[PDB]
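Engineer: Take a look at the letters that make up each chain.
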Amino acid sequence: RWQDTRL
Amino acid sequence: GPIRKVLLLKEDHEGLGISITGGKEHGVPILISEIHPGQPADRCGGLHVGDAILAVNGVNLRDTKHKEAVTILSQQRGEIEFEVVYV
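Chains as they are written, first to last, in the deposited numbering: chain B, 4 to 10; chain A, 284 to 370.
These are computed hints drawn from the structure, not numbers from a lab. All residues carry an ideal CB built from backbone N, CA and C; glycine is no exception. Treat the hints with care, as some may be off.
Here are some chain A residues pointing at chain B (derived, C-beta under 8 Å) [as the list claims (entries may be wrong)]:
hint	residue
1	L290
2	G298
3	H309
4	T354
5	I355
6	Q358
Not everything, but these chain A residues come out facing chain B in the computed CB check (under 7 Å) [claimed, not checked]:
hint	residue
7	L292
8	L299
9	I301
10	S302
11	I303
12	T304
13	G305
14	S316
15	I318
16	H349
17	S357
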């Protein structure tokens, strides 16, 4: 249920 | 566990080379979900999938929502210091 973002 | 201070050097045209997950809306810290091969975090070393990012460049991420952490992290440039603890 978690967002995941590439940085 | 030990809080490590980890240095990463980044050119402006590069990303950090990490993915993050978690955040306040999920009741957990900002957590590293992936280190990308050949990018600055991988090249410089010291960061670990499953690390909680407690701070970056002195800016506290402990109680940040995901998008807030994305903003702060994305705005850091050059010589960047993370404070992390493996969870």
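Engineer: If a hint holds in the structure, say so; if it doesn't, say that too.
Structural biologist: Cross-check of the supplied hints:
1. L290: Violated, about 16 Å.
2. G298: At about 6 Å, which falls below the 8 Å cut-off, the nearest Cβ of chain B leaves the hint on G298/A intact, so it holds.
3. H309: This interface hint holds because 5 Å falls under the 8 Å limit.
4. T354: Nearest chain B Cβ about 10 Å off; hint violated.
5. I355: Since chain B brings no Cβ nearer than about 10 Å to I355/A, farther than 8 Å, the hint is violated.
6. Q358: Since chain B brings no Cβ nearer than about 10 Å to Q358/A, farther than 8 Å, the hint is violated.
7. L292: violated, 15 Å
8. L299: holds, 5 Å
9. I301: The hint holds - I301/A has a Cβ within 7 Å of chain B, the shortest such distance being about 6 Å.
10. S302: Hint holds; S302/A Cβ to chain B Cβ min 5 Å, cut 7 Å.
11. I303: holds, 6 Å
12. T304: This interface hint holds because 5 Å falls under the 7 Å limit.
13. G305: holds, 6 Å
14. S316: holds, 6 Å
15. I318: violated, 11 Å
16. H349: holds, 5 Å
17. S357: holds, 6 Å
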